[PDB]
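In structure tokens, one chain follows: the form deposited without glyceraldehyde-3-phosphate (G3H).
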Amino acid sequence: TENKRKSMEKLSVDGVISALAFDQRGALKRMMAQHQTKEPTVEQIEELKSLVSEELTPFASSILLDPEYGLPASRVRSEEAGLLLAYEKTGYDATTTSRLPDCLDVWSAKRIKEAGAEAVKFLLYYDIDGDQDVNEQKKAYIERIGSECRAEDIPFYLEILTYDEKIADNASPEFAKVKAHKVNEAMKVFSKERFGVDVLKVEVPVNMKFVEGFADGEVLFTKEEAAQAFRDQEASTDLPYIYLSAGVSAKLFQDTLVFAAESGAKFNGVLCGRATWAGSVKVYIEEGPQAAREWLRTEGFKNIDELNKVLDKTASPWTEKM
């Protein structure tokens, strides 16, 4: 575990993971498609990932990229930034309820390490209350990956995105009502030794947009209830865990971290994506590479710098977990 520990250190600063997430594929294409009539190209996708990597990794402990479009971007990251690579095929088949995991066809943990990565990240969709046989298949799949990573001596970062088989839209009030249970129970399953997880990458256990004080519409939760969901999450695992930002704004994500910390969560960092760099997409598409670069240096930098200042007072070192 000395090789894993020193990889873990390459992904962190002072035992805190302050990482930039840009393995988005499907979601990035949908964003780019809003601003031009032509289909987003391979060249366009590769270039924007490269710009964000070159410009913002000086201010991140590591960057998460996908092997499909992100390999050029991985090669321009700052000297001090570690690399994580995504291992799962993107998205999911919405015509079925199972969302079964599937690794990229020509990739292995060994090849990911040979690409210069210090971690393998894998995203799993998980409904704790879903079909038991579907769940058995998923658990066996994660066992395999965790074994691969042990053999190649590379940290395994498991991303869990929760869902309910019975609910199509995870932004809805009916999903917000069961999110805490979905998130916290999933973490308990995948914290077991047999899965070989080094770091859990997880959602905050509340949709803050339905919490009193944050909410503009229906209120579902008091702040106390929200705070308890965070404590329940903290008690769900002894593993290092970090928060993904998903589609929330920079400011809402920052406010959530302060709230998590005040509640008693001992999260160990974040993998923050769209909140930090989303504004660059429209600029890239409408005005080009140089204009995107100028946005990244000014506005992008401000988003990430403001994130780092919040992390310095909210996040806890993972060194106190192993």
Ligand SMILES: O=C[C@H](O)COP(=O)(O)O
Second form
Protein chains: 2
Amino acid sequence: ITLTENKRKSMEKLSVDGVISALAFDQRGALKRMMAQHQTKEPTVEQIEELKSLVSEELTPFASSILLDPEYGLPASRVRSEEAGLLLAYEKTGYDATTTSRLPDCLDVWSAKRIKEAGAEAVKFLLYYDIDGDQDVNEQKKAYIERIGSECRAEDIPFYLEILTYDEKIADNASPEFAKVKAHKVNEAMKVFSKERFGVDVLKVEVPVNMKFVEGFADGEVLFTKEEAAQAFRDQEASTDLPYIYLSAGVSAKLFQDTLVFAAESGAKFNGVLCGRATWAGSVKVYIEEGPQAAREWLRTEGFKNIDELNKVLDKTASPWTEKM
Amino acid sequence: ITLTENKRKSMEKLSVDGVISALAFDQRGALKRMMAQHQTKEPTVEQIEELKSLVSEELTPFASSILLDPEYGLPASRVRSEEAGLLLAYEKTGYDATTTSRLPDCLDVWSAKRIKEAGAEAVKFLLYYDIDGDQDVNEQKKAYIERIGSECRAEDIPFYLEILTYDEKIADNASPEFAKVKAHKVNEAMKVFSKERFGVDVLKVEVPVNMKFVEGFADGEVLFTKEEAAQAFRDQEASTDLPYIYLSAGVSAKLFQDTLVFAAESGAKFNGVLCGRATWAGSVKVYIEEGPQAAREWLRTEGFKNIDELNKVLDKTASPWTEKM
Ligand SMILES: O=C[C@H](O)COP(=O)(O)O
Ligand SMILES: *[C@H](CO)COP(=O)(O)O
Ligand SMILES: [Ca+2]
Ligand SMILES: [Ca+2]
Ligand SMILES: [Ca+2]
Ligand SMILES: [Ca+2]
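What would you give as the form deposited with glyceraldehyde-3-phosphate (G3H) bound, now that the form deposited without glyceraldehyde-3-phosphate (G3H) is on the page?
Time for the whole complex; same chain goes first.
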């Protein structure tokens, strides 16, 4: 539903047996903030590019594909395992914090055609979306996604749409107040962007619940029973017929793995993950303070353990996207 | 050079016997300024939408198609002649005069898909381009046209690219200084955007010379001879294999008509025109002052006479785009 020959071939290069076990490292401003916590000077371009190349070289042998940004990640893309596919990010990093609109914007000197010419098997785009937000803002966001979806249809390259939800009136998405509305924000946004007019091939989405407030997982206030959390996962599955994959949102590797198990037990038929920080977060401190060689040894030990255990979990929880397309 | 079935059918709906005799009325800010100089109050949306409808309803019976803007011309597009095709402008009007980059920008809540859904047979986009300008600026512009070209391929709708040339250093493009380089600006820009990667189907371009400085046409200072001018047109013909049409550029109708004859004599194989103010400008004064009914009679008399004379010149100067495709 309903891949062209070329789009199918690219999807196969990004997955194994219909499951996407992709490594995500297109973070730019978020990576800079992480490195800023560990050194005096400002993170330089050589540091950004080198660290991306280390993660790509050491960990892509254990992923079906890697997501990188064209601004700092092109060197890293050339050192990935020959068995791993490539996704390239298309959006500018971050958003304007002085306003609530968080309007999307493509990299200035890039296009879907140039992403394909750079060797990518997919275009990835991040959209911030408040389903309950200003209707004129959301009309502009939907028109923008339509353009990108049309680009990808013309270039015949899969369109991976990442949706991060928020509320114009809630400052912290980690708060209990946002947790109470998160399922609504996520599942209704997925329903909108599963419409044919947007040309999405795979949705990259948050889990529809903040697991730190679910019974059995919560260390403090409990907002949801397990059955209530399970129902949010079943609503998410009932919100789209497209393939969708989960992002880690920077939670610990263990919590993300436990969440995937819970998702599968609840009835969610997710088709993999695009997991970033939960895998390689710890390499940042080591690289900045210890250097590149020490970072390699971290990736070969702690990094491998994160992605290896994730792969074991994906093997028993994820469903193949070939059942949907 | 090649067209899909639907792109070819749309091109036929925009032309007559392979000739494009299109009426241009996508003006917005410029039209508002023409109205402001005839009344005290500020022009209203109702006035703008009504005048576009009068022009569309009265003059489209004598044109192969009409170019309108989605912001005020959608009512006018519905009262157009059944035999006239529709083109819709896609770009935001004007440019920021505080800088020299003149970067393109699409209408916020529009896309090629929505333009097609609004009933258009083609997408029209305007690009300001200085072939000698800042290389990074032009790289961003080229990337931008690639996206729009890809959209139009996906939606299977002809892409009409309008190129207006300028110089980052020369303020007035009507000056003698700019006339001595206009041929370089026009012809070289046509070479760039004739490349397959931009997906252009038709170019809306200026004549490669300021005829007001050509021997026999200039009422004062003479910069070029007819032989030098004729060579500029032959260079323009040799700069693209795509169909291309001339824009009136606001010059007098008589001068524009004489330029089409001179172009055909020099060897230019242009495929039509997109003429606007030179055909209907006189109705603005009548409409604002004498009202909508007086403007209608002006269009049925003087307005018809203008477009009728133009069509008679086109029948003796324009070449069919079917000979290039
Ligand atoms: O630039 C600021 C953003 O919050 C960082 O996120 P990003 O690196 O994924 O674009
Ligand atoms: C998506 C990045 O583009 C996945 O990032 P993550 O750290 O897992 O949330
Ligand atoms: Ca091999
Ligand atoms: Ca489903
Ligand atoms: Ca299973
Ligand atoms: Ca005619």
